[PDB]
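Form deposited in one PDB entry, single chain, as structure tokens, below.
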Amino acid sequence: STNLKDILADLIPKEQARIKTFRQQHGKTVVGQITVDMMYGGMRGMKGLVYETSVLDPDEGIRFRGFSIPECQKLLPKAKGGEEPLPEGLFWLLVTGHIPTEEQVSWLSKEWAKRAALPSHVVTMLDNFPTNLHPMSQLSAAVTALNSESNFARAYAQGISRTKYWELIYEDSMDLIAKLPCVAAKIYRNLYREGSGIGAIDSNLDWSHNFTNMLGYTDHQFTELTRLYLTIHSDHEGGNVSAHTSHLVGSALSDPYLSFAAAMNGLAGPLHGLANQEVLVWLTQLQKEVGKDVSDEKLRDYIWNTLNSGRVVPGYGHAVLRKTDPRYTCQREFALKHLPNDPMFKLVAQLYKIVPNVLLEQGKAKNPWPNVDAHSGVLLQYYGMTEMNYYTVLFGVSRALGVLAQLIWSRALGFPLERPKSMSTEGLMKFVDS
């Protein structure tokens, strides 16, 4: 009823059967071709893996178990007094395929509060890290070190039945998600608040609120922003580096801690998790150079100059998209409600009215619309979260929700080791001649 674990136990046989049926009908059906170019091009365009939790709708943006962002905003439980979807709800959705009730979300909040304690060896290690070790490296190292807590790793050693893997994956994933705000808050405080304590978990608060408390923030609007942010960055299909990495490392039966840590190493890559930062830097430098009271015309002028030097307009354009990412719109509405007077926000709203100015005036992009990362920095900075080197840690805490919901299902469904075949250039040149 409230116990997600039993609800999941009842859902798994149905999904197994549905998959078995489809594979028995179509296992040998060709869904795509592999070219030499795909091999050299990072598997671009190649349908490579099954990932159940989210799908990119090319006319509506990301869908979470079939629900668009606007639909999650309407349907997911809010905190009492709140307008923003609780990440607990999102996770319940990703795991079950169902919108939770308020009571299920409350049960989930309390489950994560109960599991939130850090072992001292991780507290120690975090407390010993130097300030020149990047927050993401601290996050990954700590999560790795938490695997001393792994239920799954120990059960596997004892010879547990395959039919039970998902249960221990579930437990470890619940433990991890509950711990992550503690880890992330310890890093923030050690780096930017002189090593002060994170304080206590409150059994009766949602996950986002316990998080913003441990960070040392008090602002209701910042907790609402955090609720939204953690919901919308939660999952984006399986093919992004962080999801894929978790998937790949999980497929070797590495526990959730190791899988998630590896994922965070992928997220730390400049081409995956640093878009938030690049935008904000660019906005800062812009606003200082043209002033707050900049007119459309002069701002338009600036953008043209930027692009006349083959410099990118950060956060406009994407890999796979076709319209304003609802993940942006979502933050825009937030800002228009809560900080309409803020200068940097007013610039970001001004860049939205003007920048689309055709990336088809080129032909060498694919989209003139802003992605999620064009809006996130200004909101964080507005609320006093100015340490841009930490922004990817927030993305990482969000992304836990998606990749762990999927990891539970991958083991439930008995997905095997991921092991594609590689070839060398020499090998391939020979292969194409034969």
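Residue numbers count along the first chain shown, from 1. Here, rigid core means the biggest group of C-alpha atoms that superpose within 1.5 Å across both forms. Compared with the form deposited in another entry:
Core-based superposition between these two forms leaves all of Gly195, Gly159, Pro130, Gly291 but one with CA shifts under 2 Å; the exception is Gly291. Relative to the superposed core, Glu387 undergoes a C-alpha shift smaller than 2 Å between these two forms. The Cα position of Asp301 differs by 2 Å or more between these two forms after fitting on the rigid core. In a rigid-core overlay of the protein, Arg311 has its C-alpha displaced by at least 2 Å between these two forms.
What about the form deposited in another entry, after the form deposited in one PDB entry?
One chain, no partners, no other molecules: that is all that follows.
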């Protein structure tokens, strides 16, 4: 009825047949070549794996189970007196493949408040983390340690059946998602609020609202932001470092805690989730070289000076997207409504006028348009969330929705250990010299 696990149980066999048939027809269809450059170039262009929950077209950006970002904004339930879609609804869409009702989302909000409790060892561990240990490290470390509560771990130990794996994944996933805000808040409050307490969960709030509550914020429009932020960062194909990592570690039948932890270590990398900060540093240091109110003239110079001395315009470019990211567009549209005269935004805005002419002028690139991380920083900063180094953690909490949604399906569809073949250069040389 409103029980996602019952709804999913009834979906899994249907999907299994469709897939089993599909491989019994076209298993041996070559879909791509592999060049030496692909092997040295990080599988660039390589169709490597199956990821069901979302798909990224290099022209119009991401689709969540078929639906674009605007479509999700319209259809997905909202909070009473809201206009941004709830992450709960997004998760439902990724798990079921179908847009949820108000009442399904409501029940999901209720389920995640119940399971939001932390074991004590985890609370102590966070309390005893120094202030020079990066937020993301604390996140990953804490999630790893949560694995002692894992149903899948003990289940597997007793010799549970393969047919039942997805069920324990599910429970572990619902528990992890529920507890993430709490972990993320504790970290945030220990690092930036003199260790004060996160308080209690409220069973009649949504996931996002409890999160902002535990953080210490009490702004409506912030909570709307969080809602949107968490939705649009949730998933981005299987090929991204953090999704690939969760998939890779998941395929060894590691439980959701270990898989997600690993994915966070992936997300923590500069070329992945840490781009959110990079942008805001480069934005502020820009507003240091110039004033805080640069026009277009000086602006055109600073861009070119960054692009002659041998540097990158941050939050611009992508590994497959070749147009403006719909995630950027979406964050921009939010700003046009709520904070249109913000100095930092209008700087962001001004770069969107100038940078996508000078990057496709100079060449030495492929995607001259912005990505999601070019925009998130200024939104957070507007609302008092000024601690750059915490920003990726917000990313982390969002991306759990997507990667856990996928992991449930991987273990229901019995995806096996990811285990490609590697080559040395030496060995590569002899191979081509057949």
